[PDB]
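Read the single chain below, which is given as structure tokens and is the form solved without the partner chain.
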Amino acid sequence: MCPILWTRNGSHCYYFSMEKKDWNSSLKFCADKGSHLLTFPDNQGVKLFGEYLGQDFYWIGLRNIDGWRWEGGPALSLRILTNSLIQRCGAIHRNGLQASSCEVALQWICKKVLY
């Protein structure tokens, strides 16, 4: 089953942080825990997944370094609310995807398969 503090859904385990970290640090945390920041490589399920969240944002594995792309995955085909061109990190909340400065400290979500 999923490790303590993690949450199960389907065939994966998710970690919803309580603490807030900037994007780089959120990535390190997931990486150190044998996981990756949350991604939707199929470019589907964001709204559905968002139904378990509220208005607060969570960092996910989405950035615009060479165009918006899922970390380790394909390009983003979904709309991401981008208020300013300089925002290169993506976050998720109930109402969808939204860009933010990568320096903002937000909770984050890690994902890994249930062993």
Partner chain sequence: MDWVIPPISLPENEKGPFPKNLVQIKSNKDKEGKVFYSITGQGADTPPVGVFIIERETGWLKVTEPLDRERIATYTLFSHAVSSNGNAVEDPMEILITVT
Given for the second form:
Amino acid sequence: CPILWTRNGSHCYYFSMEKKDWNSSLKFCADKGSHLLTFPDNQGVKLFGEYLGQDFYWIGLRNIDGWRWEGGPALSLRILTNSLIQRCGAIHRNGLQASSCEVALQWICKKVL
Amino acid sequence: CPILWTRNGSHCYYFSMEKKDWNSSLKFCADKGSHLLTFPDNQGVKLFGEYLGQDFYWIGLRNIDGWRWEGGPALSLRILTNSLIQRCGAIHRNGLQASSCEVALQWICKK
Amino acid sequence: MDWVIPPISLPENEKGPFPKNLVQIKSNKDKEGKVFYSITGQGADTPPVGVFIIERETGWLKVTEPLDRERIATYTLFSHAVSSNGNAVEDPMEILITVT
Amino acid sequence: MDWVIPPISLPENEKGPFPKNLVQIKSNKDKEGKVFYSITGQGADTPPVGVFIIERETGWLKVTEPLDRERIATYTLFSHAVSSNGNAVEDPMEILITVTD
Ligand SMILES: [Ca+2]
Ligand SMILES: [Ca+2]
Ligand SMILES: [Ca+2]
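Switch over from the form solved without the partner chain to the form deposited with the partner chain bound, please.
To see the whole picture, the full complex is given below, headed by that same chain.
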């Protein structure tokens, strides 16, 4: 995969350096023929955490009527939440965490192959 | 060119997420069989600026009695400096910039 | 409802100097004009007083001393936002902070 | 000389709210005891007063308003560090801040 993207077997990931709000992050991944990182089987979050310094990264997870993976099922994992108005999901070394969608954060894109 | 490392041509790079002072960043790349990024031909800094968001990254550039690339020649490029005691070199979007060697910054290794 | 709250994470036993920034909260009402912030709750304006403070003009929530998970595991704060004329531009927002 | 100064990059026309953090400076003397910081220079304590301020106990250098490269392209500040009794633990350090266009 291209420069700035890193490979893990069959998976190609983009751990952004810049920060964007949730919607712009979703759009950046699509525009690059990829998608915001998801764990649709609700597995692998703890493991993946070993790749995340100390910052939070936007992932394809949102709460519109309960937490859901973008294009996937309902979240079955814990997500630490500070306030009820935090409706978009992020990941960091200690697990999943909610944040207001307008907040600029780094994001992670994923593409297969 | 393992996970967290990125490839371009025959080169494999590590843009860190974590931060370390200059000596420790130099030691990290060495422990990984690589070296802190250098531009020994004094070329390519501008172009490389694209692979950098807005953060400063430690590279192999040092000022003991003058600016020099680690195991390379004298620096011949501009380097923004706030103070005379900033003796380690970093790179970011806008070019090279000096920083005190004790400051924790992200870093870039090259293999 | 125009509150914007970034993800708050904070380990116990942090080293100073203090105060240290946590996150910058804001109200999108600041698009119409400058907004001023304050916080209430235990750890803020009630015992343990002043452990958390907020920069009134910037919305920067900060912690003023090291924390001990075994002493106090979580804090519940409330954020407030007002306009130049001192009138509220948001209803208080409850913020639960868990000490890692 | 135990000053530690991170790289300072500052663009003109920044939006608020203000004040905004630039870098956190410090003296390695803070290992021996508490250090208190202050800055002097035009832009700090001489006209234009207050454009830059520093948080006395943390060392956080901050800017208080948008800058205009066209009107002032650079600022020369001097940082100072003292012990609890007011005695100096460092000699002043000149800090040149260039406003990015
Ligand atoms: Ca404890
Ligand atoms: Ca201008
Ligand atoms: Ca200009």
